[PDB]
Amino acid sequence: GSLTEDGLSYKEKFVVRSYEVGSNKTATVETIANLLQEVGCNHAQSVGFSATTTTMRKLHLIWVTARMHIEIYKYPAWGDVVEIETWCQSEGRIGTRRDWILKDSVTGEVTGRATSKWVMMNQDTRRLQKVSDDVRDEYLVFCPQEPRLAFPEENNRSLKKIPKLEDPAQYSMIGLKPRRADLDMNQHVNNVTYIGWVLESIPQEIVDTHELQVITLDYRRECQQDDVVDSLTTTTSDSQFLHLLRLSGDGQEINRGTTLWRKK
Amino acid sequence: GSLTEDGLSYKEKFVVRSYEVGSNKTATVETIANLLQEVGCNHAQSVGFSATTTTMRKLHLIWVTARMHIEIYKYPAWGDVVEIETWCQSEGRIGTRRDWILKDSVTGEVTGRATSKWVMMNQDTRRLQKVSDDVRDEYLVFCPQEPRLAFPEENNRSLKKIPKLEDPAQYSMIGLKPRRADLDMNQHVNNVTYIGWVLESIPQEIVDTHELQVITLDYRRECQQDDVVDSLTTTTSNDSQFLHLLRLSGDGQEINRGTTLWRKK
Ligand SMILES: COc1cccc2c1CCCC(=O)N2
Ligand SMILES: COc1cccc2c1CCCC(=O)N2
Numbered sequence: 075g076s077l078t079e080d081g082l083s084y085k086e087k088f089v090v091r092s093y094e095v096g097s098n099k100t101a102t103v104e105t106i107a108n109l110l111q112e113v114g115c116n117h118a119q120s121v122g123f124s129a130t131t132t133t134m135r136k137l138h139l140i141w142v143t144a145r146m147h148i149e150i151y152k153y154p155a156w157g158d159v160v161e162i163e164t165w166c167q168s169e170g171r172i173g174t175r176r177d178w179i180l181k182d183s184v185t186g187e188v189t190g191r192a193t194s195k196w197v198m199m200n201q202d203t204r205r206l207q208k209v210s211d212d213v214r215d216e217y218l219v220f221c222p223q224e225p226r227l228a229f230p231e232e233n234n235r236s237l238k239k240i241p242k243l244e245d246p247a248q249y250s251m252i253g254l255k256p257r258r259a260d261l262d263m264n265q266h267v268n269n270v271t272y273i274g275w276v277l278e279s280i281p282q283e284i285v286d287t288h289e290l291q292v293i294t295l296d297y298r299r300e301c302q303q304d305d306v307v308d309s310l311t312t313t314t315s333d334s335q336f337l338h339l340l341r342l343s344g345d346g347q348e349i350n351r352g353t354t355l356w357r358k359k
Numbered sequence: 075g076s077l078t079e080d081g082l083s084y085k086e087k088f089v090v091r092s093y094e095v096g097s098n099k100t101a102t103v104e105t106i107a108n109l110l111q112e113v114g115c116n117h118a119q120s121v122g123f124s129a130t131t132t133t134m135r136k137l138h139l140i141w142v143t144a145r146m147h148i149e150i151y152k153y154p155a156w157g158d159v160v161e162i163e164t165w166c167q168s169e170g171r172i173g174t175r176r177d178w179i180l181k182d183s184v185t186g187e188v189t190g191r192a193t194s195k196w197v198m199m200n201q202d203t204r205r206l207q208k209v210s211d212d213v214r215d216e217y218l219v220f221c222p223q224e225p226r227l228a229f230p231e232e233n234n235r236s237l238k239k240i241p242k243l244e245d246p247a248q249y250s251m252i253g254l255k256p257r258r259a260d261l262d263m264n265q266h267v268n269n270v271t272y273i274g275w276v277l278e279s280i281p282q283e284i285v286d287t288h289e290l291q292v293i294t295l296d297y298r299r300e301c302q303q304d305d306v307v308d309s310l311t312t313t314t315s332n333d334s335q336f337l338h339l340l341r342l343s344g345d346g347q348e349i350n351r352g353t354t355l356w357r358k359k
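Protein sequences, first through last, are from chains B and A. Read left to right, the first sequence gives residues 75 to 124, 129 to 315, 333 to 359 (the entry's author numbering). Read left to right, the second sequence gives residues 75 to 124, 129 to 315, 332 to 359 (the entry's author numbering).
Think of the hints as simulated: they come from the structure by calculation, not from any bench. You can take every hint at face value.
Covered stretches of chain B, as calculated for chain A (at least 3 residues, CB under 8 Å):
1. 85–95
2. 104–115
3. 247–257
4. 272–280
Note that the Cβ used here is the ideal one computed from N, Cα and C, for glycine as well.
So here's chain B without its partners, still in its complex pose:
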C-alpha cells in the first residue's frame, strides 16, 4: 500500500484468502473489519505515528474507539482484489474520525464504506480527555483541510442514537470468553471480536437466508481477558436488530449496536 499523491489518505489492495470467507464463498464482516484495521494501521506507520503522537506518549494518552459503523453493498469473493482507501479527520476537541472506502479492484465500483469515531483516554486511569491544541496540531498536518466524509448524506444511519436492549432479549448467546487469538499485540481484546460476539446471538436461519448490510457498534467499556460475556438480540423491524453485550455476572454493559440484513 501507499499514501495518495497529496499525502492526505492511504490506499492498499488485499487478495481475499480461503480461510477469510464464509458459507457464501465471500469475505466475512470480521475479515472486512480486520482489513480496515490493517489499512488504518499501515496509514499510521506511513506518517510516523506507528496511533499516538509524541505529546500523547509523553502524557500516557491513547486513542480508543467509541463508535464503529460499516456498510457493505457487495462482499468480495474468495480470490478477488479489494482496494481500500482510508483517512483521518479532526473533530475539534471531541476526538478523531477515521473513514474507509472499499472498491472492487477490477470494476472500480464502491462495494463498502466504514466510519469510526475515536476518543482520547489516559492509558492508566481510563479517564477520557478532550483533545488539546498541541495534539490537534500534530494530527491536522496528515488530514484533509476541507471535510471528507465516507457518509456525507443529510441525516445518515452512522450518526443515529442506539437504545439499550430491555430484558427479556428475544435471542441470546451466553458464556462467551475471549481466547488468546482474540487479544492484540498489547493483550487487549480486539475490536473485531466484539463484532463476532454481537453476531453470535443472531439466529442461524437469519444468517443463512440474509446478508449483513449495515452494523453500527457503540463501545462503552473494554472486556478483559478474564471476563465472560452475554450477547443479546431482539428484532426491531429488510430485517433489523438491536444488540447488547454485557458481562455475564454483574450485567455491566460493554457494547450496544444495531444490524440491518437484506434477503438474498
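Starting from the known structure of chain B, fit chain A with the ligands onto it as the hints suggest.
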C-alpha cells in the same frame, strides 16, 4: 503465488499483518497455520482441484487431516515477508502427505517447516478407506516421483507416538465453544481453532517467558458447531514439554491429542 518450474510444488510470499502478531510483535502459530492452509489451498487450485479429484467427487470421498506437525525456528516479525513452499506426496494406500518449508524472503534462511498426514473418508458415513489405484493415478501426476520430505532425519519428532493424558491434568481450560469465525466455508470447525484450543490450557507465565518451537497434533474426531470442549495439559519434562488432550465437555470423548515443546527466550 505460483507453481515452481517443474510444476511439482507451489511457492507464495506473505507480508505479516498487524492483527496477525502476538505480544512479541511476531506472527502467532495460528497465523502460521492459517498461512500453511492458504498456500496448500492455492496449490490445489493451481493444478485443477476443488482438494478432491473427479473420482473422489463421484464417490463422495474427501481428504481429512490425521496428523499435523509444525516446527518454527524463527517467527516472522510484523511487516516481514515470509516465503512458503508446499508440495504433496502419495503414501501408497495409506493416504497423502503435505509438506511445507518457510523461509525469510530477505535472507533465504529456513525459519520453519511443517508436515501433515491426510486420510481418505466418505463425507456422509465418516468411514475411512485406503486409497484406490484410480485416485492414486490422478494425484501422482502433481507430486514429485522421488521422496521429498520437510522432515527427512533418521529419528524425527514428526513420527513420534503420542500417549493419552491421564486424569488429573496439571492445567485445564474448560467450556470452550466454537463461534461462527471458527467455521470454514463448509460450516466445519477449522483445524487452526484446535491449535488455539490446545494452547489455551498452557499457563500464561509459560507463554510469556517461552517461545513455541514444536507442536504435533493428532486428529481423532471432528468437533461440531454445537459441541463444548475441555483443553487439558500436563508438563512431561532448559526446554519445557507438554502433553495435551481436547475432549468433549460432557461424555469426555477424545477429539484431539498432542505435544508441544517450548524454549526459553
Ligand atoms: C478500526 O481500525 C482500527 C482498529 C484497531 C486498531 C487500529 C485501527 C486502524 C486505525 C488506528 C490504528 O493504527 N490501528
Ligand atoms: C493444513 O492445510 C490445510 C488445512 C485445511 C484445509 C486445507 C489445507 C491445505 C491442503 C488442503 C487444502 O486445500 N486445504
